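The chain below stands alone and is given as structure tokens, in the form deposited without the partner chain.
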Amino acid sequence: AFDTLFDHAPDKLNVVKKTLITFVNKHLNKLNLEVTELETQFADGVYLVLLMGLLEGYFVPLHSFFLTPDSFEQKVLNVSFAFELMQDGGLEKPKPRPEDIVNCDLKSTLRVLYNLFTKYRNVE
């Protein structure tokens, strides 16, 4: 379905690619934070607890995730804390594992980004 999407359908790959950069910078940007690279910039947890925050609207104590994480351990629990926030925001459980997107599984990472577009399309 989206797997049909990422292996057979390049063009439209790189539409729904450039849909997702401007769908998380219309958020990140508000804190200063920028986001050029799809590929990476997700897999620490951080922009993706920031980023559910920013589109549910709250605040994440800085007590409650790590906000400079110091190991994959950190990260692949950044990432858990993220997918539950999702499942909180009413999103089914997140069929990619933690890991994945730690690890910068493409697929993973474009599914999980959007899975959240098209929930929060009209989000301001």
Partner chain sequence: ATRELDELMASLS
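We call the rigid core whatever largest set of C-alpha positions still superposes within 1.5 Å between the two forms. Numbering follows the first chain given and starts at 1. Compared with the form deposited with the partner chain bound:
Once both forms are overlaid on the rigid core, the distance between the two CA positions of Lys12 between the two forms is 2 angstroms or more.
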The other form holds:
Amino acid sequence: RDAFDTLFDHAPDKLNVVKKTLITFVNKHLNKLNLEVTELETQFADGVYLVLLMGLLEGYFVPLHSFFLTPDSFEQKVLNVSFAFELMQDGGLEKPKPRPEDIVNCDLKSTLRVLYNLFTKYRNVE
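Follow the form deposited without the partner chain with the form deposited with the partner chain bound, if you could.
Keep in mind that what follows is only the chain, not its partners or any molecules around it.
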């Protein structure tokens, strides 16, 4: 039980503050590739934006053969998320708490945790 469990159980009227702030953050970087997020609930589930964001935050071009740009199955989406998690750990982050499947399943708490830990680590990336 972390602060995200406390947030959803005890202060759920503050979720909008978290959402907005993480949206601004992801868009600051994703906008460099002409990409945009309006909705954290759905738009990270296929793993594509999460992979590209790692390239953006650690400062490398992610080769397209290393993932699924247009995932057509649940398993291909899982593999994208697993690959972004791998790149997070390559950057020094500890193993994400959620399963890759939780992200594909649009679990919002899981999506918030992943994005917040990027937010905290990469706060200073211009």
